[PDB]
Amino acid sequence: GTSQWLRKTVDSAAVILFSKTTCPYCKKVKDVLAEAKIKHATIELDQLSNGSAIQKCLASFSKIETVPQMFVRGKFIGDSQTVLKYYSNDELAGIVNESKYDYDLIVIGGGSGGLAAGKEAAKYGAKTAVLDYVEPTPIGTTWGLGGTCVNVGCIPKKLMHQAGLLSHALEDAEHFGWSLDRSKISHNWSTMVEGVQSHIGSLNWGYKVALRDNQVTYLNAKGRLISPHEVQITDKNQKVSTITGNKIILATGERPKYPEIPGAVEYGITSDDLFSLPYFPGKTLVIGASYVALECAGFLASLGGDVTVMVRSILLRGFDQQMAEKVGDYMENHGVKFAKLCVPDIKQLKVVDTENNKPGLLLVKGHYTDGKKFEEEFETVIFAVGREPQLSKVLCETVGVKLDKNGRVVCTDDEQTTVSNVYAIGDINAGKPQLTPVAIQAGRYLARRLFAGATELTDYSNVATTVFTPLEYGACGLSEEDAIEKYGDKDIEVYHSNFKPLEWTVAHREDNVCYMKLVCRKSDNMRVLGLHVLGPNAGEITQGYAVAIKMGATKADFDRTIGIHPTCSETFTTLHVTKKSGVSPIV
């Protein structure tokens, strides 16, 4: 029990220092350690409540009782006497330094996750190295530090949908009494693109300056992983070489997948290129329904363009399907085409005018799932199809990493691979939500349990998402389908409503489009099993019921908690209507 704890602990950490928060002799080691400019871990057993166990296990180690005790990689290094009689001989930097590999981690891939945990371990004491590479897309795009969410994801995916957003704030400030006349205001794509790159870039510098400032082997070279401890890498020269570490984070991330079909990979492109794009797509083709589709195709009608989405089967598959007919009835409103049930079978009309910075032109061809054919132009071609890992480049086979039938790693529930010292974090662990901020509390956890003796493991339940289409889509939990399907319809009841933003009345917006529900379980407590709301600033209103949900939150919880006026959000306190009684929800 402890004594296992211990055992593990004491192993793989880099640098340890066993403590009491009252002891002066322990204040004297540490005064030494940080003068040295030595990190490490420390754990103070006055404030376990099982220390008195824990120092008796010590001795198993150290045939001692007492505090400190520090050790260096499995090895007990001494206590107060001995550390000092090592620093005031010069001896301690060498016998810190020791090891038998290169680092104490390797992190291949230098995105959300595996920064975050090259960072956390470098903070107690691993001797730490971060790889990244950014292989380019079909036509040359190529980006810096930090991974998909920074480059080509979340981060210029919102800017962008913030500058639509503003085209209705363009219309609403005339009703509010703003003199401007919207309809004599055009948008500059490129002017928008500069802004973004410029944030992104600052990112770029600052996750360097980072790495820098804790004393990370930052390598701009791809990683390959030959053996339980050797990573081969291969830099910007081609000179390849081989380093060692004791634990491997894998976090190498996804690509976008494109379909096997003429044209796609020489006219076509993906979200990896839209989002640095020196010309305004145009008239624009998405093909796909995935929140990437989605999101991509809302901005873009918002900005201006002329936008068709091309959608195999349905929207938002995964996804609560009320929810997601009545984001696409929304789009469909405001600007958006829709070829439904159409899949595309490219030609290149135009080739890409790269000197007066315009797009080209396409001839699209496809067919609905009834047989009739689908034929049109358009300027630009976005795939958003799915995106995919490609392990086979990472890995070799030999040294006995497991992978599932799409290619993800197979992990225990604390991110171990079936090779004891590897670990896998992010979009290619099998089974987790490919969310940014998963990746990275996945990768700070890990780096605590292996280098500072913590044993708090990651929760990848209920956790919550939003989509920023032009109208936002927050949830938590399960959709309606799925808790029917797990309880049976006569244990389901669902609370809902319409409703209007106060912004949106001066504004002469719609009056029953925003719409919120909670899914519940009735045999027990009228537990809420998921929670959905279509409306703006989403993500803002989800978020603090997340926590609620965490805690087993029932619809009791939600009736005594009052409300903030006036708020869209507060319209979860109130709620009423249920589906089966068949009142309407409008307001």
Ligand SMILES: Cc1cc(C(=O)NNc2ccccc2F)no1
Given for the second form:
There are 2 protein chains.
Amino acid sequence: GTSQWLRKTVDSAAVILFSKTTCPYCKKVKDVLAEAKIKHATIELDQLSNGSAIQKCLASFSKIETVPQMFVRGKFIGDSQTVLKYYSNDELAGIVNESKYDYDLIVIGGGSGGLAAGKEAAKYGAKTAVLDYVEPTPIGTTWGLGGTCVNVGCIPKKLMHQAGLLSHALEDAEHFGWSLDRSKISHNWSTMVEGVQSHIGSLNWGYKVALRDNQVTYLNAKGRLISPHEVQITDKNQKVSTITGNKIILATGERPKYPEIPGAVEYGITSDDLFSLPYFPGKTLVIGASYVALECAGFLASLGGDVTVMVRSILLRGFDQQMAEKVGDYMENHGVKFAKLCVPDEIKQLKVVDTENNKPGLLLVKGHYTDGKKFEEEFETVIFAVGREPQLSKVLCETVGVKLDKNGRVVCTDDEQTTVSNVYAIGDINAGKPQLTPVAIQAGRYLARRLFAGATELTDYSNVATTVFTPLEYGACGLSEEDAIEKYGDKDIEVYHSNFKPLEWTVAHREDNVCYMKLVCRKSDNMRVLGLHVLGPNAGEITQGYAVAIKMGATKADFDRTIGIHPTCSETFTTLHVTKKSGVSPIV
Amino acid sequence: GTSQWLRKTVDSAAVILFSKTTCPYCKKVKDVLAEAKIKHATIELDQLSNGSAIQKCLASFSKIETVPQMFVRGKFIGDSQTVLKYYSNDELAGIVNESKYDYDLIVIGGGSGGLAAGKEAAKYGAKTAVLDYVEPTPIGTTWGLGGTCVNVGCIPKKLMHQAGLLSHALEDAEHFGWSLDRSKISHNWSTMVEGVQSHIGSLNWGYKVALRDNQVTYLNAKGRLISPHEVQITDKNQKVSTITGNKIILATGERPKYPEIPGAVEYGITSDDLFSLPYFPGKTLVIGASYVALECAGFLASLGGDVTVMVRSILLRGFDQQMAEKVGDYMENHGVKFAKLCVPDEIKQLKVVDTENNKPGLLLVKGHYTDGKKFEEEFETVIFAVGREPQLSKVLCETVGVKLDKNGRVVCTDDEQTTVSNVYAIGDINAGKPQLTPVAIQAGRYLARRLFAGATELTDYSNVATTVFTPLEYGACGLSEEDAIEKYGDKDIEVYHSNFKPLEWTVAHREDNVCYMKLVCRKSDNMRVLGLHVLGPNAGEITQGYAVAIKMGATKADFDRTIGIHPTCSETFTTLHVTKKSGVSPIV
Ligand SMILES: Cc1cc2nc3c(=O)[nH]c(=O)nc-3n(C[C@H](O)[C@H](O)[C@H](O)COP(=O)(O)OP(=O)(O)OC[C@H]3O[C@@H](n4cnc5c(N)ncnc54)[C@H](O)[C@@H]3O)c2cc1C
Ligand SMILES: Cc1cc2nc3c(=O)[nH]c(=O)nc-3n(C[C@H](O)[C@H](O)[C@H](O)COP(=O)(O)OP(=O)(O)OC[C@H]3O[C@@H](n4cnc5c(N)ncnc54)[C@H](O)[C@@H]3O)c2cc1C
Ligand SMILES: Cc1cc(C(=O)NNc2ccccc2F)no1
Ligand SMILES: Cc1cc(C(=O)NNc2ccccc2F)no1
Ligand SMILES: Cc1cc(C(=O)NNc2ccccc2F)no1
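Taking the form deposited without this ligand as the starting point, write out the structure of the form solved in complex with this ligand.
What follows is the entire complex, opening with the chain shown before.
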């Protein structure tokens, strides 16, 4: 056990020092490497459980059992006297820089996971390159460094959500005594987009600064893995070349799908285009029913838009369907129109986008309802939100041997390793994993530490909490009620639930019984909490802390013995008592 | 053990049925009791692990070991045949109403704890009275049923906090694209007070409806305990009479203190007066530095007021002082003035309150700083927030034998029992307990179940989370950093911390490094989280869920392995890494 860990650690680390905190010979070597600007990992043996056993295993590489011992890319370099000899003789810089490869690590993809992995690897002395290229959308939209979340995802969508939430803050202000008249106030799309894009631009620049300050080589080029250690790159001038690397991390993400119907690619847009659109969309149709579809329809309606959503079957497939129906009912009562049980057949152009006067075009959408009736209506903008997919045929030569599943995602071990031993995959392209930004970041950072600092901790992908940022937000952690019932049986499941009303909604005359929460519990396991669900304001802030308790195995008794904070929405979880089986009403 | 539990349960319950879920004779007795509208507790012996032992112990009370067995106020009434006999002979109603006392329970005080205890007791058949009287403030202010939180505490203060938060929402809305101009909008104090008071009145009415629907006797009268079982009551016509009860719960709360200086009682006010004041306070001095003082100063400033706070020594004594100083620095940067190291000597009247034109008066405040320099300034309103105190000499004859501590609070066992065996105390008057509304509710409900339904569960008063609703909110759960170091020593304490910026503050151009969080941990106990602290928006929603994890013994490793929800403020707790001992900056 200990011998196999040490072997893997030594073969993989770029530069690593084995040390003890109390040793002045170790401190002497540490200070030399700091002066020479040589970054490295450090393993303090006096702070590990079996440090004595490791110290004896080191002799199988160095034939000494003392400390310090310095290694570079699998090779024992020397003890204190030897390292100072290389330093005194101006031979140290050359020894720590010799490698079979151009880089210790090449990351293909500069998004949530890839930037996290590359920066963390560099901190331990791995010579690292990060490659990023943004293929333009069909209408030509492109953006800077940082990935989907930063540029066309979590960041701009939550900022536009906040712009929509402020519409209701303006209405509430009158009831709390402020003198404004909400009915005389309007919204300016282009002013909002300019502020959002200025923030995104500051993130693009901050990531380039961060890579420079960690000595990471940033290449704005398209990468393609042609053999296990060779990456072909093509730059903005179509100059083609090859770089080599010891370890490879694939982190290229996904892009939006289009349906295979006439006019979709030519005349519609996706979320990739929405967040920098230079004109207000006008009367809008959203095709789809994912969290992306509902989040976008929701803020467009709150900004004052005329918005319709076309739903093939159900809302939020894969989420708790009682919660999903309450989400949609709120949206329908607050100005979002729905075309239910309906699909599109073709998009026809009636007017071209007026790019000079900054106005949308006009489109005729034809489709049909599931019974057989026809749909036909005119819209200024049509947004497709019908799923996302990777396109690893762009990234990955089939001769390399990296196995993909039937959806085109990478099949990985529980430590992110592919079927090719030096190649790993993280983020949205790792098959079977939750497709979320904090998951990609944790996977990338934890992987970098295992490769270059001898860490052993794995990423835990179970019970990862989520929040859907619809007009009324929906947070969740764990199983839906229907998945719990299918797994364990109805007689082994107890559900505690309640409506609630935020105190802030009282003076503002908002609804009494629309916010809702529940705990789905397993009777035969001490009433273990299998899933937590909340519909209400600030749902992400409410849910996050409970994710720690669920990770730890919280029971209903743990929620009961914990005391609430008053007045809050979250405290309602500490006093739940009405069960679904009792038939008693959950209203306030 | 079991036999001591059974004797206490039988002696104390008003009406109780010993039963098994599987027994049709028990079902027949349940159905008769429901038809006669006789409320009662039930214990299902087949749901307890020592149910066989309990069934044998019942025989020393009834001389039988079968189920069902019905008891009334410590007396065995009968089995199935006997209960049915009393019913068909119209004898049962008189039997179940036989009592040595007028009531099974008298609650003195109709606030957070007292209303909770009284309603819960009545559910198990306890004949219950709740007494409530509101002694007017020095200027004559009074209010309805529900206690301090409902009328002059948590509820109106958080509603006025929300009105203040909406000021910054109006400012933010411009940056997100909305057409309003914040500089032309003003606030109307009387409109806000009218809305707050209409909500408080709906709560007053709802509590009277709830007591009527639970068959609880509500007496709007002042109560005084004159012997262990006798309560003297004085009504609004000054009629004096005596009622008797088996169990007594003291739940009379506290009221604000005034300093002993000339003019304080005559010309100043307290929080009791603020929340229904018919005119805007105008230019205001708040004397004190408690959470009540800073919350009130904070929202008055956000509503456009000229506000000063006079601080004797420090802010928020008893809270973590690094967090208290950050709370005050934010207020001072956003328009609250502070007179530090200063106390008042006298209040002089310059103008009487203008009741006709609905305007405040004018006052001259004289004081001095700790070095002896003088303070002298004019204000329209002076609010004293210098602590709260019970006044149990008004509630409790000294000859009854209930022991008080040096501060005048009631000394209780861990099951809320006083030194008089049938008398219990809950809420703010229970010595040594956190003075919070959800604590009083849990204590009252749990106590009623122990008295009248044979329950055993105690209230857990440890690590109860809190939130201070200052303009930037401060949430906490567990020990302050200085208390942790005093208890375990500095070398056994590690502190992880970080600044953060809410995403909502980016486009709004608010501050980069004002929000802050830390985890105070114990090294020698697996890095156990001893205390959690957060300064930021929605801090009560952030903190609540983590209180369950801390109750369960969370360590830093539990926070690390839990994944964040993005984009949120709370997710910053899941990736903390900078220690105070490293000296590395917490800025982001
Ligand atoms: C509209 C929307 C909203 C979302 N909201 C949230 C939210 O609120 N919370 C949340 O947790 N998640 C959210 N997500 C999900 C989140 O955006 C993703 O889970 C995350 O971005 C995945 O990170 P990644 O590192 O796997 O890939 P990405 O961030 O997509 O980065 C991959 C990068 O690699 C580049 N690349 C691709 N091929 C190559 C190549 N051959 N050579 C070089 N570079 C290449 C891509 O152009 C891209 O820049 C949202 C997603 C969308 C679409
Ligand atoms: C300004 C302010 C803000 C607060 N904010 C919060 C907050 O945000 N969160 C929180 O958790 N806590 C808050 N608190 C504390 C909370 O109000 C108290 O902890 C809670 O009200 C205590 O409940 P209680 O049942 O002990 O007493 P109370 O609610 O004070 O009820 C006691 C009642 O008994 C009556 N009474 C007294 N003597 C007699 C008698 N002889 N006969 C009959 N009736 C009598 C009193 O008039 C009163 O109606 C706040 C307090 C204040 C002052
Ligand atoms: C807001 C949001 C995003 C997701 C998500 O990313 N993926 N779902 C998923 C879950 C578990 C395993 C595998 C998966 F693919 N869920 O909610
Ligand atoms: C020391 C003390 C005695 C009383 C007194 O008489 N209270 N009775 C009363 C009850 C209800 C409304 C109005 C009332 F006056 N108050 O304080
Ligand atoms: C054991 C213990 C805790 C306390 C106490 O400080 N209670 N009150 C309080 C605290 C924090 C915020 C708001 C509050 F009202 N007294 O004794």
